[PDB]
Amino acid sequence: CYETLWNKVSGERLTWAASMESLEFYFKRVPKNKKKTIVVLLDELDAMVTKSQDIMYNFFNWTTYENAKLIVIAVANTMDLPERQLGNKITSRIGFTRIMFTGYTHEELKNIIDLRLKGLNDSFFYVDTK
Amino acid sequence: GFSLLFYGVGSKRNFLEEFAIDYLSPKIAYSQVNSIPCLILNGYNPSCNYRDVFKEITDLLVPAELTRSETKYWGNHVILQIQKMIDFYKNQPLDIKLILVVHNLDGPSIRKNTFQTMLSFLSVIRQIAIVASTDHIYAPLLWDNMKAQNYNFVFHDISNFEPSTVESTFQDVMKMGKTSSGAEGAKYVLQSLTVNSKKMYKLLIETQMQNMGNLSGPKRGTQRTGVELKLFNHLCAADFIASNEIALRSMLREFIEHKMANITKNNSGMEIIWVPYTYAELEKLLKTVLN
Amino acid sequence: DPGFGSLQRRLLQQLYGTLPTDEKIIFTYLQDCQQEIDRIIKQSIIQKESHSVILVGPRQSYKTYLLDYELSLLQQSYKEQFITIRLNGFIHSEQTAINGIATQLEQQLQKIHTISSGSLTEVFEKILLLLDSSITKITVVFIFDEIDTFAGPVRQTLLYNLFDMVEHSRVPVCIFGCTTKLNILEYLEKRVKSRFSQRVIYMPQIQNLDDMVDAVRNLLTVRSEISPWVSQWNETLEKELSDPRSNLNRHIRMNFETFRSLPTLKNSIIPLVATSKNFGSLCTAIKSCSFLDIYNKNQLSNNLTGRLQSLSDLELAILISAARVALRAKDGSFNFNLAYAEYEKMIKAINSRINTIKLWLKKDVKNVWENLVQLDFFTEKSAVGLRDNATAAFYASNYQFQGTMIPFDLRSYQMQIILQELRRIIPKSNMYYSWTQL
Amino acid sequence: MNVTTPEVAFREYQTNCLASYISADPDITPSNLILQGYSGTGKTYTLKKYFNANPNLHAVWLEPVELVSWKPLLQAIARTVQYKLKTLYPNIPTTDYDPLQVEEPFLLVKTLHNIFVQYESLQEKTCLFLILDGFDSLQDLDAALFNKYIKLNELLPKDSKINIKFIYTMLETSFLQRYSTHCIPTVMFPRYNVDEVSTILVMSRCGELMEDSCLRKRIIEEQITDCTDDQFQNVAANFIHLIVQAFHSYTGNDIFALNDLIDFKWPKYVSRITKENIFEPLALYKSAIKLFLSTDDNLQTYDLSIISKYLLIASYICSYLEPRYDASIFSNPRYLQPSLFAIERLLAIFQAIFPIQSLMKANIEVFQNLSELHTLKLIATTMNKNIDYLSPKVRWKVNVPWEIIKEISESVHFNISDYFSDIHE
DNA sequence: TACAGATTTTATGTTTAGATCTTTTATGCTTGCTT
DNA sequence: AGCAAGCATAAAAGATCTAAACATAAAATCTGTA
Ligand SMILES: Nc1ncnc2c1ncn2[C@@H]1O[C@H](COP(=O)(O)OP(=O)(O)OP(O)(O)=S)[C@@H](O)[C@H]1O
Ligand SMILES: Nc1ncnc2c1ncn2[C@@H]1O[C@H](COP(=O)(O)OP(=O)(O)OP(O)(O)=S)[C@@H](O)[C@H]1O
Ligand SMILES: [Mg+2]
Ligand SMILES: [Mg+2]
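Protein chains in written order, with this note's numbering: chain A, 329 to 458; chain B, 15 to 305; chain C, 433 to 870; chain D, 232 to 656.
Treat the hints loosely; a few may be bogus.
As a list, the in silico DSSO-like pairs of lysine-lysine whose alpha-carbon atoms are at most 27 Å apart [said to hold, decoys possible]: (1) B:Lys69 with A:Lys417; (2) A:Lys397 with B:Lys233; (3) B:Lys213 with A:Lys379; (4) A:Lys417 with B:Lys126; (5) B:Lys244 with B:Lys212; (6) A:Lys417 with B:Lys298; (7) C:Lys795 with D:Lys517; (8) D:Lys356 with C:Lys511; (9) C:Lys795 with D:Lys624; (10) C:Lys511 with D:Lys592; (11) C:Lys543 with D:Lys628; (12) B:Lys126 with D:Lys389; (13) C:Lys698 with D:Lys382; (14) B:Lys233 with A:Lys417; (15) C:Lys613 with D:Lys382; (16) A:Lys379 with C:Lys558; (17) D:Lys616 with C:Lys813; (18) B:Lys69 with D:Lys616; (19) D:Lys496 with C:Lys795; (20) B:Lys126 with A:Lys379; (21) C:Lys798 with D:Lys499; (22) C:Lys543 with D:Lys496; (23) C:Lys794 with D:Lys540; (24) D:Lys389 with C:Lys456; (25) D:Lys540 with D:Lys517; (26) B:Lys279 with B:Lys69; (27) D:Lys608 with C:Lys795; (28) C:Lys798 with D:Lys379; (29) B:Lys126 with D:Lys624; (30) C:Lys698 with D:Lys356; (31) D:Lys608 with B:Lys126; (32) A:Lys379 with B:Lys279; (33) A:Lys379 with B:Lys273; (34) C:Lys698 with D:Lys616; (35) A:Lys379 with C:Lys813; (36) B:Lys244 with A:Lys379; (37) C:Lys790 with D:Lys379; (38) A:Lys336 with C:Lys790.
Calculated from the structure, these hints are not laboratory results.
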């Protein structure tokens, strides 16, 4: 997670620990006059935090720094993963913006399929019989 | 070249300490300026490990480093090094360089065959004097012919009916032993500590039980369920316990030395702090002393 | 004559299936699913459409056979429009599959026209960059055998990434996964299930005897005029398959009832045609099928009955005594002492009822005990034969079992053949037949 | 066929199947072939004879029993395949691939592919056979290695001019039956009969026995004159027949055990030969009956102290006799595993049975002897790696048979049989 | 002052020592009973 | 005093696992000094 992100924000290729320290310094210490906003999408956050849970804490903590302009968009399958991995105190400290994606209803799913076939349903074609 | 063994009813800790430090070391020093260093082994401690003891012995008396040919194929670097010490000290003047004092040689963690073999091999060296004490009544069952030959004991009976308050510190007396856990000694340490150290230990225990609950009662604490030192530094800074990592390490040195918390490096290269006590013991520590 | 040699070679390469793909034979009972396999592949290599299919079927169900025949058929006319990466779950690991994919991609791309250099992170990143991004795109066809071994319960990242390539990549990818599990869908994690297209093809099964008869006719009919004996061989084979009373039809029916698998039948038949020296001997062997009986007898020559029929008098007596003491015991267990006590009781009674059977001593019966244990007539009381994994075998090797600590006399054993089975097998004229009925 | 079948003595079907499956044409030979059978069933002998009769078949013999684990097996395969290929075709310029780089089955596949792609200069496709003599004999063996080796041939190139064909000679049928759905062609080797073993033994050992040095010295020492070519061969054949008919029940249909017995008993049999008994086999047999009456396959049991001997006696009595000592004594149940007890009971029984001086207390010496007894594994505990003798939960048990403890008891003139005769003799 | 050569950093591999767990048989306790 | 049957349960054997000790190695980085 770190090796990628640092490489995506610095062009440097460092190890994972060196990348973690570099990201900590970059977010906490570098002034906001010499930075660009970063929008990180942590797709399948379930797989990242499975052994040491430090990826979640590091990525959510960097959004608490005043100098850091990081914006983390975390995607996971369980609605209470941070409350378990981090704990209630840490999660309350971070202050997420929590959103739940409920499964589609039959009407919404039908509308999705219909929009997927808007120009093709009840349409006309020229077919070469040969 | 006779190792001394003291048995009886009561606490021989005061006897052994006074004999070694106050009498034996100055007398050997004058008969051979500095006094002979004494390595006081506290065998009643359930957290006594032979790795640390041999590291202390190596620090006190520097041996020749174990060579590539002498390490063998995954050989025990402690036993091979001790045999190297024996060979080195076999042909050398028979002075005394160390006086290792073994309190309660039959204690919960000092009675095991590995550390007994370590002491047996160290007893061959005539340049270190061994003054050990035993409390268990079946203690001679520990040593076969080889170990009883390497020790070369001269048994002395010193019965004094002493209270043995220090030995009983490491396990609860009200429970009547209902031994090798070592959490009671940790709690006894926890009454007498700085408030900042107590808060840091409480935070470490809380986060470790959070990790254990995430993972899964009677399971011990290992590095699998433990905090990273960077994450722990961040938590302590958030709670103002430690200003920087240097101060946090300075505080953690006391807990590591007392075998209360362990910092070990995992496969990823992270260094993890873990308390080797079970969930119930940690809960008892938080409820009783850390409340 | 060279004509019979050519005919025999043609028959053997028809049985082995190594004849040219222009004339490879497809059994009628599996001519249907092939079409599906023919469709999907031709919708991915010709029409450039991604596909994710799982072929479920037992061992030797013609999954790899059909999947390779179709690739060979598409190979001769669309050689440069696709590449093939083959993975096997047995010999590939989670870390090792990335290296396998990278090496196969580089090899096939040089062949048609690096990725395999660096650490595992770099290799995986490069293969993701290449795949999971007049002129068209080369179709990547994954022949991914034993998909169930890479669909474990701890983590499925290879399957996740491959199915995500199937959906959200601009390069057409076809992923065929062969497995034997009928519940392969429930093995996948829910993200992988959602990413998988739920296109499971269940390989056809032989539900009729006529299916195997037609399969054998296809296997043993030479449809190319290469030998003077081809017409007469076809006539003989057809007249031996038409009549239901023939020996070949009888053996086909027995295979249908017991095994129901063409590979077993062709394994039985290959030495039948390889052993024959001239055409007349081949015709007689296919008319009588004596070698099929010989092969079947040989295959059953190392099991419990065959091993039991190769025991000396002392070993048989010790085995019978051990069976008696295991039958008497409530747990079915025993040891050397009890077995020898029963053996000496039996020998004393036999000699008393009487040219006298010798009573061997303990030192002369220890070897017999070890020999009977070697043939797995006895096992330890609670022993695991072979661990499923390499890690389990390593852990078992590290552990020092209590059975080896105790002395040889007191080791507790347990049999594989019970006394009733010994009574059934042993002939009534044996000296110990009265002692196999407790 | 162009394949010549060797005339193996008692393997005619097996040789025919070998010639049917193992052929120089890669199109009509199976990818995997299995030879099954037990020890002494002549499978390696049959395969060696078949390959020697056909010098045009390339074979790479391998012995998995020397290669304990799977990594040495893969490395040895990678080394030997390229070594053999270099031997057959020394004119093909090739680059050396280190066999030690093979650390995974896929690495073996890649190395084999790299070795085979540099031999495309050959005119016709060839197949070299990797014979794995004793795939069942791997010490670190699981149920998944053979699954890898079965499908190893699929990932290698199909159109290569060098084809790899595996041949396995496994030992146990229980292992083979795990892979019965793979439909691998298999050749079974049933164990020999008594007649087959006797014929094999005579045809394999008579020539060596008749030329042995001991017979050479004996014939000249006894001043005998006879037909050297035939009479000595008949003598050796008769000796082998006597050995077989005397020890077949003890050894079974095992060629190796009977070979060892022949090697042990031939010098003693030839030392009993003289002028009169050589011509008549009956007299020679009667003059050497003691050889054929006892197998003689064996090559004061302990020097323990009196304290250690009495400790063992007390431990045996304590373990194999129920705690009913309170009623009468001290003022077979031995066919089963020894029971468990405590240290105090052992010490009490030791004091009870120890001869008076007026009673023997538990000194340091008694405990040292007991700990030594545990060290020599004569007495065990419920130990698991770490062991603490002082734990109250540790219980002891005996590890000596009845004969050893009987000898020890009779050494110190103790009647343990009288103590144990109450339940049964 | 750029350097080779020594050291550290990061990254897995090999093996031993120690742990918790399920699974299954031994075991003290209780109940009922006669010497 | 002496013991059979039923029960619960502490315990032995071993599967399954972790992790410290023992070990190797390529890339980067410290370190002398000509
Ligand atoms: N490429 C091939 N060409 C010709 N015959 C083949 C080929 N691959 C396998 N066979 C034969 O086809 C028969 C069974 O088909 P297989 O594809 O090997 O079985 P299967 O469906 O792969 O079972 P698996 O893969 O072990 S689960 C056997 O007689 C094989 O020898
Ligand atoms: N048919 C035979 N004719 C002559 N000698 C034979 C025959 N079969 C076996 N032997 C001999 O008996 C011995 C058998 O050796 P192997 O064939 O190596 O046994 P094996 O079947 O390989 O069993 P293992 O598993 O290798 S110990 C050798 O000394 C052979 O020379
Ligand atoms: Mg397949
Ligand atoms: Mg062999």
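Tested hints:
With a C-alpha separation of about 41 Å, the suggested pairing of B:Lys69 with A:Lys417 is violated against the 27 Å cut-off. Taken as a hint, the A:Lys397 and B:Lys233 pair is broken in the structure, with Cα atoms around 42 Å apart against an allowance of 27 Å. About 26 Å separates the Cα atoms of B:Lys213 and A:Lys379, which keeps this hinted pair within 27 Å; it holds. Distance hint between A:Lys417 and B:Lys126 is unfulfilled; the C-alpha atoms sit about 43 Å from each other, more than 27 Å.
A distance of roughly 19 Å separates the Cα atoms of B:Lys244 and B:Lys212; the hinted pair therefore holds under the 27 Å criterion. At roughly 21 Å between alpha-carbon atoms, A:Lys417 and B:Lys298 fall within 27 Å of each other, so this suggested pair holds. Using a Cα cut-off of 27 Å, the hinted pair C:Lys795 and D:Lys517 holds, with the two alpha carbons roughly 25 Å apart. Under the criterion of a C-alpha separation no larger than 27 Å, the hint pairing D:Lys356 with C:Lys511 is consistent with the structure, at around 22 Å.
The straight-line distance between the Cα atoms of C:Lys795 and D:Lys624 is roughly 38 Å, outside the 27 Å bound, and the hint therefore fails. Taking the CA atoms of C:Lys511 and D:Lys592, the gap is about 93 Å. The hint is violated against a cut of 27 Å. At most 27 Å may separate the alpha-carbon atoms for a hinted pair to count; C:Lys543 and D:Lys628 exceed this at roughly 70 Å. Restraint check for B:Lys126 and D:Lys389: not satisfied, since their Cα atoms lie roughly 61 Å apart, outside the 27 Å limit.
Taking the CA atoms of C:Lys698 and D:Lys382, the gap is near 20 Å; set against the 27 Å cutoff, the hint holds. Proximity of B:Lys233 to A:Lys417 is assessed by CA-CA distance (about 25 Å); at most 27 Å being required, the pair is judged to hold. With a C-alpha separation of about 18 Å, the suggested pair C:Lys613 and D:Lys382 falls inside the 27 Å cut-off, and the hint holds. Restraint check for A:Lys379 and C:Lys558: satisfied, since their Cα atoms lie roughly 26 Å apart, inside the 27 Å limit.
With a C-alpha separation of about 23 Å, the suggested pair D:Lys616 and C:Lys813 falls inside the 27 Å cut-off, and the hint holds. Restraint check: the Cα-Cα separation between B:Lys69 and D:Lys616 comes to about 24 Å, which is no more than 27 Å; the hinted pair holds. At roughly 18 Å between alpha-carbon atoms, D:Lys496 and C:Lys795 fall within 27 Å of each other, so this suggested pair holds. Using a Cα cut-off of 27 Å, the hinted pair B:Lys126 and A:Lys379 is violated, with the two alpha carbons roughly 33 Å apart.
Taken as a hint, the C:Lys798 and D:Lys499 pair is honoured in the structure, with Cα atoms around 25 Å apart against an allowance of 27 Å. At roughly 68 Å between alpha-carbon atoms, C:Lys543 and D:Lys496 are farther apart than 27 Å, so this suggested pair is violated. For the given pair, C:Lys794 sits about 25 Å from D:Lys540 by alpha-carbon distance, which is consistent with the 27 Å threshold. Between D:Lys389 and C:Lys456, the direct Cα distance comes to roughly 16 Å. Compliance with the 27 Å bound is thereby established for this hinted pair.
For the hint pairing D:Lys540 with D:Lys517, the CA-to-CA distance comes to about 45 Å; that exceeds 27 Å, so the pair is violated. Under the criterion of a C-alpha separation no larger than 27 Å, the hint pairing B:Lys279 with B:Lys69 is consistent with the structure, at around 19 Å. At roughly 23 Å between alpha-carbon atoms, D:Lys608 and C:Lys795 fall within 27 Å of each other, so this suggested pair holds. Annotation: proposed proximity of C:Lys798 to D:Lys379 is violated, straight-line Cα distance about 38 Å (limit 27 Å).
Pair hint B:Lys126 plus D:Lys624 holds up; C-alpha atoms about 15 Å apart against a cutoff of 27 Å. For the hint pairing C:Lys698 with D:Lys356, the CA-to-CA distance comes to about 24 Å; that is within 27 Å, so the pair holds. The suggested pairing of D:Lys608 with B:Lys126 holds, with an alpha-carbon distance near 18 Å, which does not exceed 27 Å. Our distance criterion of 27 Å between C-alpha atoms is met by A:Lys379 and B:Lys279, whose separation comes to about 14 Å.
In summary, the hint linking A:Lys379 to B:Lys273 is supported, as the alpha carbons are separated by about 25 Å, within the 27 Å threshold. For a cut-off of 27 Å, the pair hint linking C:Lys698 to D:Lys616 is broken: about 54 Å separates their Cα positions. Restraint check for A:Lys379 and C:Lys813: the C-alpha separation of about 40 Å exceeds 27 Å, so the hint is violated. Pair hint B:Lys244 plus A:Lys379 holds up; C-alpha atoms about 16 Å apart against a cutoff of 27 Å.
At roughly 50 Å between alpha-carbon atoms, C:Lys790 and D:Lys379 are farther apart than 27 Å, so this suggested pair is violated. For the hint linking A:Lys336 to C:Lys790, the alpha-carbon distance of about 87 Å lies beyond 27 Å, and the restraint is violated.
Checked against the numbered hints listed earlier, the structure breaks hints 1, 2, 4, 9, 10, 11, 12, 20, 22, 25, 28, 34, 35, 37, 38; every other hint is satisfied.
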